[PDB]
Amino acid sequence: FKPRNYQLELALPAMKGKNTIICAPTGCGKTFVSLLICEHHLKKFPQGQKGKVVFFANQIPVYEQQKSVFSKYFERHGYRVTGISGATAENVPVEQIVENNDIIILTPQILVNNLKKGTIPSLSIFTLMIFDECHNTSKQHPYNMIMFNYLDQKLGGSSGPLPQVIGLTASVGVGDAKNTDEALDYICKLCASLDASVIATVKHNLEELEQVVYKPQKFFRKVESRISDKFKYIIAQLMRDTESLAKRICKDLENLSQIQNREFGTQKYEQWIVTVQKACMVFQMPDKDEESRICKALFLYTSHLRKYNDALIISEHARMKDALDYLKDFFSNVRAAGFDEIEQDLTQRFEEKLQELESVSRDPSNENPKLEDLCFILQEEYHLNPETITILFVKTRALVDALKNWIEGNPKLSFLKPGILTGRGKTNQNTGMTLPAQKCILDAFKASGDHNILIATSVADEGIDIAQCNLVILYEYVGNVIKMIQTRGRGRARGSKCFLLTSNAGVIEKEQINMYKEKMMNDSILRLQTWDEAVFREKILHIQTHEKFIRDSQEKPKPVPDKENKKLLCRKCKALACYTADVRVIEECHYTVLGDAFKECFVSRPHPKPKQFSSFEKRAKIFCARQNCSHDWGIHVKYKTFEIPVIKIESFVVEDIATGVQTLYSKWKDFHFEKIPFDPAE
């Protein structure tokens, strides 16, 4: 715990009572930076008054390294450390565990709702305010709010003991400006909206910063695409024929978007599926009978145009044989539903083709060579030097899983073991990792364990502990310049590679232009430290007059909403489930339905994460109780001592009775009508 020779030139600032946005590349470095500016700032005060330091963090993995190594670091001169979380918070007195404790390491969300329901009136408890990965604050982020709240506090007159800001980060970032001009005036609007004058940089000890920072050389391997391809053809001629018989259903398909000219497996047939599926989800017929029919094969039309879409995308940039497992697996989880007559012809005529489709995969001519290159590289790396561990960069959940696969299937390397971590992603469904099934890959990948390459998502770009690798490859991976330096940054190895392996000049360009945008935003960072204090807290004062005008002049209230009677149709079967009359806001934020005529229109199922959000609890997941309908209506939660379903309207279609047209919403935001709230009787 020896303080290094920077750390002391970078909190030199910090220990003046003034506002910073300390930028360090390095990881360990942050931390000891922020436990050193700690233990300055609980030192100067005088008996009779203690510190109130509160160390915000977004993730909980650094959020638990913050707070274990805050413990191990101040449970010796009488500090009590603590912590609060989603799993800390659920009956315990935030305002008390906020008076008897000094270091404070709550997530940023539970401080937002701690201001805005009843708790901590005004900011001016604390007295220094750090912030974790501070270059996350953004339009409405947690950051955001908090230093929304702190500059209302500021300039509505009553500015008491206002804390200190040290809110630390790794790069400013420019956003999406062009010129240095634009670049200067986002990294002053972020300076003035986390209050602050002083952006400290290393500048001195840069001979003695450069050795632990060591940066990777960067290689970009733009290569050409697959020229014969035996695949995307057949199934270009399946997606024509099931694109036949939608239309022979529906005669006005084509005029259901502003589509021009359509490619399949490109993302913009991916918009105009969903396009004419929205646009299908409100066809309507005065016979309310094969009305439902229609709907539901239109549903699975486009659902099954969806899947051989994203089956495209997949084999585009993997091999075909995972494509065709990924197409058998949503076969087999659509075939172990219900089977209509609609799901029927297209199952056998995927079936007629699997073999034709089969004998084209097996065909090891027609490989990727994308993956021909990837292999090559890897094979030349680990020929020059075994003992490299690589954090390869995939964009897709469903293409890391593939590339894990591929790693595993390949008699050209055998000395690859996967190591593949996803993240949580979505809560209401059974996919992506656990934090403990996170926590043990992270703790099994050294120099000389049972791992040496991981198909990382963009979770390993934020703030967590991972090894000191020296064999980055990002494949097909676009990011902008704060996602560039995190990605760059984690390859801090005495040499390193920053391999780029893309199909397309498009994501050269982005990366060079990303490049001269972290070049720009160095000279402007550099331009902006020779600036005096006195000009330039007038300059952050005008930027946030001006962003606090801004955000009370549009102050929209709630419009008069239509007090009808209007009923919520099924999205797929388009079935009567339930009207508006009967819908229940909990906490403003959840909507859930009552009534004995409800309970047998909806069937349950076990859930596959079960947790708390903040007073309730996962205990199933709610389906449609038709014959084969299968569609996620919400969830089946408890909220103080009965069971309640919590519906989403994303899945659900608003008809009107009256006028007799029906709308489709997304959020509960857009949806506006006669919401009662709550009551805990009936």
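Note that the rigid core is defined as the largest set of C-alphas that superpose within 1.5 Å between two forms. Numbering follows the first chain given and starts at 1. What changes on going to the form deposited with adenosine-5'-diphosphate (ADP) bound:
With the rigid core aligned between the two forms, only one of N179, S414, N430, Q258 has a CA shift of 2 Å or more: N430. Superposition on the rigid core between the two forms places the CA atom of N58 less than 2 Å from its counterpart. In the core-superposed comparison between the two forms, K563 has its Cα shifted by at least 2 Å. In this overlay on the rigid core, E343 has a C-alpha that sits 2 Å or more away from its partner position between the two forms.
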The other form holds:
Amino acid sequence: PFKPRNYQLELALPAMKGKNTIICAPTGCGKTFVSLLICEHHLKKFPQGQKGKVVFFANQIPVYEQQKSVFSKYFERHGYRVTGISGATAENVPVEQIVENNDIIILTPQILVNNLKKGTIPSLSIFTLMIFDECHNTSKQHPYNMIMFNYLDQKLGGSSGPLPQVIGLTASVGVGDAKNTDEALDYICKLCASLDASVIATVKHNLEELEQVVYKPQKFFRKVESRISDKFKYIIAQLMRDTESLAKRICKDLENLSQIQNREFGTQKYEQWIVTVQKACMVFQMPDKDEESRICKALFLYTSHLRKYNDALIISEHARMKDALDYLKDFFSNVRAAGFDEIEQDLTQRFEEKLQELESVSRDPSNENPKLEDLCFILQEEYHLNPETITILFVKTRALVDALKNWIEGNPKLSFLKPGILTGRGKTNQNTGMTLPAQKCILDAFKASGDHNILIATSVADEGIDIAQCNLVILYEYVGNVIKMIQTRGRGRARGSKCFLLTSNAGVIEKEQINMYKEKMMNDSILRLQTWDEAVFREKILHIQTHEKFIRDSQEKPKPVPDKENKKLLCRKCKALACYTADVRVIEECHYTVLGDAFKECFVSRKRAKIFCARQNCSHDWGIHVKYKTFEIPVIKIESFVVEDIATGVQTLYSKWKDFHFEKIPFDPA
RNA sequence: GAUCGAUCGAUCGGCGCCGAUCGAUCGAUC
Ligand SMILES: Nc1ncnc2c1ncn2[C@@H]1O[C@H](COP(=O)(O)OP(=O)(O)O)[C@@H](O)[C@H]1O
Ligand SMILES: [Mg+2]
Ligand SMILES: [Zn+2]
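Could the form deposited with adenosine-5'-diphosphate (ADP) bound be shown next, to go alongside the form deposited without adenosine-5'-diphosphate (ADP)?
After this comes the whole thing, all chains and molecules, with the earlier chain placed first.
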């Protein structure tokens, strides 16, 4: 099979002695083989009559599947029962029939957290070796931190029998959130205490052998100047000024709904301001139902158009003007066919008046994004120096991912590129997201073989996913903490690989330099901590654990009070009476629906039949029809309703059903 | 294999929230 290297045996030396250690090593050095060697040494040290029990806490379903596969390929020869439980498994063979019947369990932290919460698993004393893959995720309320909280509550105070040995497989301790070396050392000590670890053993003796396996790529900053002749920006700013003037003429109180003083077009500040104004416009009270409905609908349309224009301006500064124009046209086409209105027709005519000028300006070779020009130049230079490279170009947004894909596919200069999309699961407001097998089949085709030359990922290909050794780590304005910097930089580990960082905003290069200084400070702090004695560090982590336990078990009572009186749910756009609180039924605490014949004639059905408001021109989505065991009763979304009291006139808003505190009557077919 | 609803957690940016990114769990569907 595989032969253990020198550094792979050095990293597993303190773990094989019986002490809780943290294995810090660069990404791609083979920490999985170190964990396998530790598991083999742990399961072979028990005398006759007893038997160990190892649990490997993964973080992702692909990572969990890969770990289960490698553990089965490595351990089924010795005669150990390797198993794995996750979200994909069916409601059968309870965990007590799997944990008490196997030796190596590849688990997910939320499954064990739920099992310890509902009281299925008695305590963590059943296991003998817990291995947390990428233990840097131990944070304020991470499921790793919940398992560690349970372990510490079992250790401190109510001392139970033998406790399992905790071992981390992180790649970076992530001193992020700290300022100087003292705060970095404090954070490292806090993390080692939360994980109950006494050793941060790293490769120090045979460091020359590690460089022949993993190669730290050289960083390359690229500050590009913003465009000067931006006619698209000017036209969209004029349209936004016209829309804001109309909204102010119809409202007369827009300057007092938000506290934002200086709001410039095409920034996140204007987005926050317009979101606050939209959320404050839905809360209106006046003795005129039709007038209030008309005013609120007009204000909702105005703020929706302003937010869409601001999103188009934000997309225009990161991609081509054609992408922002296509986004605006798609939004206008989707909102025009929904509902025709006077304000809607006015805004559509005002937009189509400048549509020809926008089409003429966007289709200009001189009006090209300088960031995209520099990216194309870098790609040309890299693929001309070596035509066998693979790019792992990182992007912040999904819309920007699609824009970069359409730009690469539609560029005569970039004829040698075969782009690939890699997004995350779960639907969004615009995108639908990629599933697990789609991600797997796309990542399996991105390598030196072919069918793919550049993977346009977005914050998903830098956590736990195994990818081929890349030669280009261009970061299209994608920065974060020191952990994210080390994770993305660790993707390209081939011989003679670079890591480009393109940006057009003064401050991103400063943040990347701060992250590099924080990484150097983290390395210095680890080197300083690796010189302390075992007793002093054990006493320090014990004091930190005692303080954390005293702080944690003192404020864990966020108990609310349920509401009793009836409340009505008016629409969010037109503010029409939809239903009351007494008619809202709850199926299984996650299927909030409405029961009543009055509500059936208050929506229109247009995946499954998504419902919309039954008014003249509203087209506001309330919810969707779900096919239950027998019925097809529709569920609603609280993100499209406003709650109004019957006695009082308050109109507070709620983002999720958990914030809405009321008498949740359980659903009943009878 | 493809959805839907709910919930949790982490990260980034901006003024406790908002927007974005990702991960997971629980339930039902085809
Ligand atoms: N002793 C070894 N001999 C051969 N290949 C090894 C050895 N140790 C590790 N590797 C390779 O290194 C890779 C490391 O992958 P993985 O552990 O998932 O990522 P990371 O090392 O970043 O945690 C494995 O795919 C394995 O093939
Ligand atoms: Mg790993
Ligand atoms: Zn409506």
